[PDB]
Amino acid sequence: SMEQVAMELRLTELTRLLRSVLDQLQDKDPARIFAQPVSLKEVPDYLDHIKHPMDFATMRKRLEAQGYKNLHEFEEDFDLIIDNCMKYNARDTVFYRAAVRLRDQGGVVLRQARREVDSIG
């Protein structure tokens, strides 16, 4: 149908906007602490601690499969990156501190993204 196509153009444009959002968030992580999954070879107990691991490469895979239906789903995954880190790592660590700085800087990008998603529909 013509409607399904219209819908698919919307999802495609959402994917377009979320790709730009993802790039902006990932620049706030210049150390690349959040770039890849925590290694289960190097942290073999990780899944005993963290039930839903997340990282920017995993988000990108989902994004490119047009797997985010709305901004809320995308934010859920970004918040997992941060929240997982802040639980696994202690407050006095470079990892915890990196997550705090990502959360704080990401806020600004996410605030405008929400306005753009509502604005453009």
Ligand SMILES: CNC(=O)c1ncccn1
Second form
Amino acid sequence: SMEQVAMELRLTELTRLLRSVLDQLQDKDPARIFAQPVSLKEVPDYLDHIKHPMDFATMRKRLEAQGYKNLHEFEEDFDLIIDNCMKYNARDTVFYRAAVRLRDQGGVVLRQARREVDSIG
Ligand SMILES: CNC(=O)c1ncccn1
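Having displayed the form deposited without the named molecule, please output the structure of the form solved in complex with the named molecule.
First the chain shown before, then all remaining chains and molecules of the complex.
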């Protein structure tokens, strides 16, 4: 089908845009607090607290598998990273504060990407 090629051309390009977004969001985490899954060896009880772990590396694997259908799905993973962190860690920790900063700073990027995805369909 010629239509499913053109579809795959869009999905491919959504992936292209989202990858740039991912890189921008991640740049706002220079301490690499959110780069890899929370270690279940280092935090054995983590899954008793957080039912849906998320991290930048895991987002990237999905991204490269063209597993994101739209910006919303991508944004919901980004929010997971932040919301998980602000639940698991108390307010006055370096982790919680890094989440707040990433949330605020990533907000600009996500406001851009929403408009640009709407524009170019
Ligand atoms: C987002 N990272 C965390 O929440 C974390 N919490 C405790 C130890 C290591 N990492």
